[PDB]
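Omission of a single protein chain aside, the complex is shown with its protein chains in their original locations.
Chain naming follows the written order as A, B, C, D, E and F, and within any one chain the residues start at number 1.
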Amino acid sequence: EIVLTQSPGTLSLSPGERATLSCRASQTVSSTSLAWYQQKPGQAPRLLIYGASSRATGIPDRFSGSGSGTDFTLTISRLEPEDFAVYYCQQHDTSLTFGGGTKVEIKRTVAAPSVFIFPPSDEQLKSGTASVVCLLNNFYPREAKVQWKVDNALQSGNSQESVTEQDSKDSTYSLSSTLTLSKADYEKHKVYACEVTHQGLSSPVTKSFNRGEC
Amino acid sequence: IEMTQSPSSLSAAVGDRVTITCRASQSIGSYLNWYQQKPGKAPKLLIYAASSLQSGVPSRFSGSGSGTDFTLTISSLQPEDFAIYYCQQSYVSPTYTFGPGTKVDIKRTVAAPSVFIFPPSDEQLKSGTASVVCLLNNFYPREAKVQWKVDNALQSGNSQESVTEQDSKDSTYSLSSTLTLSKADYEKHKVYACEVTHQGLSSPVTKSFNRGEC
Amino acid sequence: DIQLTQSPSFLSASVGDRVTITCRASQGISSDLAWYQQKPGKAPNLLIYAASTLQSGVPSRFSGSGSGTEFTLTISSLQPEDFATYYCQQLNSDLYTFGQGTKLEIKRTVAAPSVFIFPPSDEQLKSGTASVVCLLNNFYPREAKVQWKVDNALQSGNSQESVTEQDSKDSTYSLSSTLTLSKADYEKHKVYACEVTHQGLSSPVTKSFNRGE
Amino acid sequence: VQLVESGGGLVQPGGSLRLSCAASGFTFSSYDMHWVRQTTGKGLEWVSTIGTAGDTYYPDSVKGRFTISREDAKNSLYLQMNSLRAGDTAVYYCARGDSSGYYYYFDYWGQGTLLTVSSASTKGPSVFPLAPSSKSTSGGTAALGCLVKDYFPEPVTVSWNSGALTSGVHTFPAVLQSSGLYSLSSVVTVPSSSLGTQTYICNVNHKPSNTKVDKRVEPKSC
Amino acid sequence: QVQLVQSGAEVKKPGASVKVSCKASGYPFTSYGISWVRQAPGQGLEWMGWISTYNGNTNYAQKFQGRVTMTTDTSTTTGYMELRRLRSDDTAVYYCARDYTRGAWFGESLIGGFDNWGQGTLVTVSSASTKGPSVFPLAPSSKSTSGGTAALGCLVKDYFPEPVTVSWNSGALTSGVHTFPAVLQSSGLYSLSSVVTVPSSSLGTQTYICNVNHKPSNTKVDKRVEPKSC
Amino acid sequence: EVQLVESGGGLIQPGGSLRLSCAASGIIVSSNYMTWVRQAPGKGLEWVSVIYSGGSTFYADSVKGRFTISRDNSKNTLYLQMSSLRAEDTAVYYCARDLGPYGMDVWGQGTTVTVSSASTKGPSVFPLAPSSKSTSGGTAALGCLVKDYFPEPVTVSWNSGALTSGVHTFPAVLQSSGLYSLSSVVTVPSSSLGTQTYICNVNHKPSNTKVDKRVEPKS
Partner (left out) sequence: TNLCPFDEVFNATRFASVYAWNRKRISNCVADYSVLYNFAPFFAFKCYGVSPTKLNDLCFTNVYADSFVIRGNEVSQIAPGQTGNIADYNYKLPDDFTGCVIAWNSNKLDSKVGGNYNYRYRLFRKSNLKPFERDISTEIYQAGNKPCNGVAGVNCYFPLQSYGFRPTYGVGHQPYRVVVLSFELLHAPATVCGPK
């Protein structure tokens, strides 16, 4: 088969700039058998470019496509809030294969997260299960990483994290990490903590709380 | 598709039979139409499909032929049947081509073209240009040759010819030839001759004069 | 209607040089061109086809390259047998077109022509015509100018010159010019001069003869 | 079935002009329309075609300059011309198309409008006398007349003695010259008994420029 | 205008089969073929197959040969896709699209792509059963912060299937409301958190009641958030 | 053995007709692209006509309506039929085999065709004797001028090959009247002028004329 590699994986650009996305192929593909699609969050994809140069019906003129052989390029001259989506490169020379995907996101100033810690409620503790929450709010960029420490030792394989999309107002992220155990394992110790590291933070910030704390 | 007609000009009397031929450069089947045009009027569709008669058209017109040769026949010529006839091909579309045309005249006895010459006027010579005129009166048919000679030297590219229509009563023709040069060029020679050759003349009659005779 | 033009109409080169000839189209005729060689008095030979390929039998010293509008033929080293005319040919649909032709010569130094004259003979004079001959010997290059002076006036007609081919021993030329007149026109003057201008000659040398001697 | 054309006239090279053809007597939207032009030196040449489904066709020498449109509600057809050269001077006809089986013919034509393109302006003609002489006299008849040269545009009216003579007067057609102006010669043959006794005056009228020229042709004594 | 509508979401068990319909309207049906695409949650696109609406010829991907059947009905202008031997790997969103990459009559390649996609049908497979949410509170701690603004919320745990709708006082508080995406745990169940930010001055003068709605269990729970007490 | 040999050309009057033949050896004329080309004296090559191996024929605009191409399979021959010959048709004609983009590889030797008012006439020979104006550095030039003959060629030598060094024989030049002329010269030392006898020999095979003229100084 023909493998299509997209570059780069993600793009961080401010509105008004120019966007350039590349699709490379293992073998040669006829220029009349390449296409580009766009998908906004929560919706279905739509056709953008066919024939590696033509434009679909109803498409604004800011989208252009070029290239040949094993290198193809999709260019956007002026970006807009609606042009921040996920883009895909497709070929049907031999069978049919989709690209991995490239994403474009808003750029903004680096903001340190706000780090809060939430202990398990007593009612949940009565169920024999314990969940401790470490919340990071209003940070950018996305690259932040957190460790979990119970009594100054690290736990691995017992944490799950969820991240939301960029906010519609300030284009900012928000992350929630959960540490899960049983009741007895919770009562076996006293101190629980989550440590956060991010570009906007000079040094990691550790938030801790004791078991017998009111 | 180059399209040809024969003869260029035909003369016939009332009651005669007239036949005109149209030839193509390819095989057009029966895709031939015959059109008639009177002076200062619109063309009239006479025949289509090389054999069919348009409604409201006299039954004395007949069309025949196929392939590369077609024929238009007038059985009993009438005074309202003197015109120019064209053949048009409807095989290649949308580019339709018409024939050159054949003009039908009234038969008249042979008349010798009376020849006169006219030298440039003093007023015109005062303007720096000179025009010499050769006038032919009451000849038949129209096929005549006019030549201009300056000091027994051939002249070409400086003669303009004008012919009026066949007269309504005497059925004759009149011709004018104009030779235009500069005043100095006219003053650069003395003898000028105009030669007229016609089938009604045994020998080409040349009328010659000398610059300054009158 | 594509017209083919060759850049150098002449080229004087010596044995051991590298020569190049250019054929330029008017519209753009792909990569299909042919290159032919012709020696005096014989039929052409095919050297190059497809604008780069070498027909069997031609030595490796010939090369060609081009596409579109400009094409080039090249000779790496000049052997003594390579002096001839060359042509470029294009096929089109059903219209074969050749070029003007490019001639190759042998390079040589500059030589001063020797000037001589020949009056009309008495036997020719009895016939009613007189021919005066001007002869130039052993000159390089080919470019020379000959002017006819009768009554100290430059003539305008009745002249035709014949130029020799390059000599096989010295690579030089020698040309003869003729002035032909009727007996009546020849028996009315005593001035008959032939002026020869050439690169080798510092000044135009004119040789004449008087009728009264 | 009647077709009436309008819009022809004078226009400079490189300009633009619109011609209209109004039809009556038939359903306009059920037939195809064409524009065909006639020149004396080339004959009849088809220049434009429009059909029922809004399809247009053009020949090679006309593409990119002419546009053909139709309006069924107003019952009219229009041709728009841009970037004209001097070779478009012709008489234009709007024609209706029809077909029997596969055979296509133009069944109805219009009167046609005369379109002249050139870089010329109104000018006054020059009238010269072509006097009789011995060479112009033969068999008791002498030929004389007037040469009217360098005028624009057509037409120019020539008369003799305010129209008092009509027999024997030949009024030749105008011919376009290389300078962009027309030249004609008007001749008349009269019996030699009237030489030196009657008055021969040619009157020339040019309405498109308001010109009146009166010329007396004095006969020559030799 | 071209319109393509698919069926609703489906929850199945491993080993069963799923049939998804795609109704098209607004164009000549038989002139275009139908293609199917699959998208795993949080992954890229994946072509599955192409069917001709003229003669019924089909070509499937090498990965899905033998498991997927595509049929069509021209009277109702509809296409059908059926997938059997389902596995947890097959939980994804399925799209039907009108095709312009292979012709319907002669079956040769064209110049174009997929136009006029449908809205998407989510097919989720698992061995779990319907279960309502467990809602627990997360209340601010006594440890004050520099900013003087606290954050609280409610944790939704062990619910199936997706989704649940979380509201905070029925739209009265819509500032600082964050609902994170759900994550699938090792037990096959789902978890979720909802959080909000509140000024300190309103901590002792306002009470917040978060409402969790789970349609499959038809369960609505209103839970209050109050400061923690010993 | 692959070759083409041509024949069938000579003198002809304007308005006449001629047929040129080209016989093949090793090439089947009915299975190859065959071409007739021509070259005027000192003017370059110009394509005339082509015939395919399917019967299709093509001509240039300068011979259209006048020239025709024929091919005989039994005799393996190619013919060119020329009618209404004019003064522009005097040239050497070649039959060639065309390969398309591979070019024309095989050529014949050519046949000459000359169209003129003719009147085959012998030459007139006059002596161009040395004089004082033709003496420079002890060497003087002399020769024989041949004029007003038709057709070519005329062979001018000196003393039947005894004197060959230093001889020049210029190409013939066509005059307005249609006759040919040239001058053949030789340079000899002045001291040998008073002892050596120079006799120029003019051989004209078409006129079968062997004219000898002695060139000596004139007093």
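In this section, a contact is a pair of C-beta atoms (placed from the backbone, for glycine too) under 8 Å apart; a residue touches a chain by one contact, two chains touch by 3 or more.
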Touching the absent chain when the full complex is considered, from C:7, C:27 or C:77: C:27
Touching the absent chain when the full complex is considered, from F:54, F:65 or F:138: F:54
Touch with the omitted chain, as defined above, among E:103, E:163, E:176 or E:216: E:103
Touching residues (missing chain, whole complex) on subunit D: 32, 49, 51-55, 57, 97, 99, 102, 104
Missing-chain contacts mapped onto subunit E: 28, 30-31, 54, 103-106, 108-112
Footprint left on subunit B by the chain that the document does not show: 26-27, 29, 31, 91-95
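Keep in mind that, in the parts below, only the chains that are shown with their structure count from here on.
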Between subunit D and subunit C, distance of the C-alpha-averaged centres to the nearest whole Å: 57
Computed distance of Cα centres, subunit F from subunit B, in Å: 49
Subunit A and subunit D: spacing of chain centres that average the CA atoms, whole Å: 79
Per-residue overlap in subunit B, given as positions that touch at least 2 other chains: none
